[PDB]
Amino acid sequence: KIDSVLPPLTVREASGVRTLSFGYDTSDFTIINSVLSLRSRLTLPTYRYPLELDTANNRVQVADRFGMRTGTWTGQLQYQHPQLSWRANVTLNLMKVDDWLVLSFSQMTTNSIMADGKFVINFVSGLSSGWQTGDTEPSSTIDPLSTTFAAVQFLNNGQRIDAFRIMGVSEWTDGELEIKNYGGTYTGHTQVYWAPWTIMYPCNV
Amino acid sequence: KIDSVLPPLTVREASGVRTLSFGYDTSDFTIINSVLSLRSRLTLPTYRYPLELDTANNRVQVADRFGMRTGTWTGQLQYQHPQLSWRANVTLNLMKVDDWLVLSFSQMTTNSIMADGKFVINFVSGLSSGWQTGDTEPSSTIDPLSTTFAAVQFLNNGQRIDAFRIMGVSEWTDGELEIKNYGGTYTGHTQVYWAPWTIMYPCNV
Amino acid sequence: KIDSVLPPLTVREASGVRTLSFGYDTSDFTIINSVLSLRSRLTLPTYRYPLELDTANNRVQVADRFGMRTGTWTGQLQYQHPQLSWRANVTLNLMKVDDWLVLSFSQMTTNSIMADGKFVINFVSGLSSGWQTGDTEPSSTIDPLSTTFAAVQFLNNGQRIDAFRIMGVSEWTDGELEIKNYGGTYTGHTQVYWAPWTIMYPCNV
Ligand SMILES: CC(=O)N[C@H]1[C@H]([C@H](O)[C@H](O)CO)O[C@@](O[C@H]2[C@@H](O)[C@@H](CO)O[C@@H](O[C@H]3[C@H](O)[C@@H](O)[C@H](O)O[C@@H]3CO)[C@@H]2O)(C(=O)O)C[C@@H]1O
Ligand SMILES: CC(=O)N[C@H]1[C@H]([C@H](O)[C@H](O)CO)O[C@@](O[C@H]2[C@@H](O)[C@@H](CO)O[C@@H](O[C@H]3[C@H](O)[C@@H](O)[C@H](O)O[C@@H]3CO)[C@@H]2O)(C(=O)O)C[C@@H]1O
Ligand SMILES: CC(=O)N[C@H]1[C@H]([C@H](O)[C@H](O)CO)O[C@@](O[C@@H]2[C@@H](O)[C@H](O)O[C@H](CO)[C@@H]2O)(C(=O)O)C[C@@H]1O
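Residue numbers (the entry's author numbering), protein chains in the order written: chain B, 265 to 469; chain A, 265 to 469; chain C, 265 to 469.
Hints are computed from structural coordinates only; laboratory data are not their basis.
One should not assume that every hint holds.
To be verified - Some chain B residues judged to face chain C by a derived CB distance under 8 Å, without partners named: (1) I296; (2) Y311; (3) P314; (4) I406; (5) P408; (6) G432; (7) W436; (8) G439; (9) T449; (10) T451; (11) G452.
Note that CB positions come from ideal geometry on N, CA and C, so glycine has one too.
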């Protein structure tokens with residue numbers, strides 16, 4: 265039947281007995297259970313967010329949402345001072361940009377404030393869909409995480425007086441974000457007009 | 265002749281017939297068009313920017329430009345108010361840091377301004393090489409995207425008066441960036457000296 | 265002995281002699297030194313920081329420290345002006361967030377200052393463990409890299425006068441960071457109370 269044999273196939277006549285064998289690369293293959301098997305089958309790694317595998321085009325990429333994720337918080341902005349405290353209905357815009365959380369305040373009119381004080385935002389409830397309270401937790405306990413200025417107008421018996429307020433992100437406790445108002449320029453007033461302002465802090469959730 | 269046969273190769277006599285055959289692992293291989301073929305050939309993924317494959321060292325990395333990309337815009341800064349509007353020749357420095365665009369203003373001397381108003385930057389033309397107009401488009405329509413303060417000196421005509429201006433990134437339309445000046449401290453003046461200032465906004469291009 | 269063969273094996277006959285041969289997918293395999301060898305052995309890429317391979321779960325991810333790395337600098341904050349200069353003992357908090365370096369100043373009381381001037385931070389020494397001087401080098405030479413406002417109180421014979429100071433990150437030279445105080449509101453004073461403030465600049469180290 266079989267006259268000759270071509271590689272990988274070879275016939276070795278050792279001890280007057282002709283034996284047929286299959287030749288293979290030792291580092292590539294191995295015989296297990298009397299079959300040709302691959303030595304070291306390479307398993308492809310998985311990817312943790314913000315890295316993702318686009319299975320449709322077999323491409324690894326940074327998730328789009330990582331650069332920008334929007335949301336809103338609806339609740340009551342709490343002003344706190346031992347001698348004066350109030351609640352104002354606000355809706356603030358939120359945006360996750362990389363490892364930062366940005367809060368955007370639109371203009372607002374509030375009751376009067378003391379020379380210094382605290383603003384508290386309770387994220388326990390009020391977040392738009394897709395957002396969890398934990399998503400607003402800062403990635404550091406350093407105080408302050410960031411400071412910004414808010415431009416205001418103090419209303420005092422008809423006259424509008426331009427001033428500023430310095431605001432610092434200082435604490436986060438069980439979903440309550442605390443923004444300290446260290447001070448700034450001040451005058452006796454009845455009401456405050458706040459121009460829009462943004463504040464951001466590190467957040468890796 | 266052929267006396268013996270070593271694995272993967274095996275001989276089986278069944279139904280008075282002796283048939284030789286090649287022994288293979290069924291999860292590693294198969295037979296396609298009567299030849300040994302690999303089952304499940306693993307294809308290596310490609311990478312979308314800012315991820316890149318350094319082919320020279322077979323290493324996946326984040327592109328260097330992602331952390332920092334510089335540029336300049338040369339044009340006319342437009343101040344807009346219904347009762348007053350002007351154009352000033354400026355060159356502002358630009359830097360792309362991750363998913364942020366930073367605009368850096370050098371000191372400047374401009375005509376007088378109203379208590380509030382708009383600054384417009386037309387990116388349709390004026391960008392340095394490598395930059396396209398689309399590269400300045402914000403990644404969100406939230407208003408404001410960011411706010412900052414600019415320190416100014418109002419020339420009363422006899423005296424130089426220190427004040428501030430609050431600036432907010434508010435809109436981008438077909439290459440025109442709009443920076444609103446909500447207000448701040450103010451006095452009657454002939455001209456404005458602006459100290460340097462920076463403003464940044466989210467941008468994922 | 266051997267009655268017949270089966271695929272991959274074939275016994276083809278030509279030119280008067282019958283020969284046994286092994287069949288293979290020519291794209292998948294080849295013969296090298298008369299042995300079955302695979303073509304195109306896939307080599308897995310390595311990863312450059314902030315990308316890393318979690319070997320335990322065979323997963324590629326962004327390093328945790330990339331989003332947040334804390335530290336402290338302890339030294340003397342140097343104020344510089346041709347007609348006045350001093351040194352104050354400070355400890356400032358530092359945080360690396362992505363490609364940004366954030367400096368956090370706690371409240372401080374310093375000696376009096378001129379209408380404008382420079383603040384210098386010498387990172388050559390004073391950094392907490394894990395931090396090198398090179399880690400504070402900006403990723404661009406643009407001036408200013410960033411500006412912020414500091415809220416101050418000018419102390420002049422017991423009276424406290426609220427004002428602001430504009431601060432810009434302007435230069436880094438051999439470990440010395442320079443923060444220019446372009447100006448802001450001012451009055452004659454003997455000492456300055458500074459509210460807390462943060463400033464950040466691009467840094468890809
Ligand atoms: C940060 C923020 O949420 N800013 C709002 C603020 C604050 O909610 C508020 O001033 C804090 O004290 O209010 C602004 O005006 C809105 C406010 O007056 C509410 C009160 O009901 O009405 C909104 O519009 C109403 C309108 O009053 C109705 O007559 C109408 O039928 O429906 C509208 C629904 O929107 C005001 O826009 C403010 O500028 O003071 C808007 C800020 O965005
Ligand atoms: C943001 C920005 O671009 N700031 C510039 C500003 C503004 O261009 C300007 O003040 C807006 O009104 O100008 C600063 O000064 C430059 C300005 O006066 C221009 C006017 O020609 O000249 C520049 O230097 C010239 C110099 O005037 C010529 O005599 C000389 O032959 O060439 C020089 C270089 O072209 C001024 O630097 C300003 O300080 O207000 C500089 C800002 O960076
Ligand atoms: C940024 C910083 O390090 N801030 C410190 C600050 C400065 O060290 C200092 O005021 C610069 O002049 O000091 C603070 O605390 C002070 C002590 O450092 C000082 O030894 O004693 C002071 C009272 O006698 C004061 O308590 C401050 O000014 O509050 C603390 C701050 O974090």
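Here is how each hint holds up against the structure:
The closest approach between the C-beta of B/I296 and any C-beta of chain C is roughly 16 Å, which is over the 8 Å cut-off, so the hint fails. Annotation: B/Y311 was flagged as interfacial toward chain C, and the flag holds, the nearest CB pair being 5 Å apart, inside 8 Å. A cut of 8 Å between beta carbons decides the hint on B/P314: the least distance to chain C is about 6 Å, and the hint holds. With a cut of 8 Å, the hint placing B/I406 at the interface with chain C holds, because the nearest CB-to-CB distance is about 5 Å.
Hint status for B/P408: holds, given a least beta-carbon distance of 5 Å to chain C, under 8 Å. A least Cβ separation of about 6 Å between B/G432 and chain C falls short of the 8 Å threshold, and the interface hint therefore holds. For B/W436, the shortest C-beta to C-beta distance to chain C is roughly 14 Å, which exceeds 8 Å, and the interface hint is violated. The interface hint given for B/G439 is violated, since its Cβ lies 20 Å from the closest Cβ of chain C, which is over the 8 Å cut-off.
For B/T449, the shortest C-beta to C-beta distance to chain C is roughly 5 Å, which falls under 8 Å, so the interface hint holds. Using the Cβ-Cβ criterion of 8 Å, the hint placing B/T451 at the interface with chain C is not satisfied: the shortest such distance is roughly 10 Å. For B/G452, the shortest C-beta to C-beta distance to chain C is roughly 14 Å, which exceeds 8 Å, and the interface hint is violated.
Hint compliance for this structure: hints 1, 7, 8, 10 and 11 are not met, and every other hint is.
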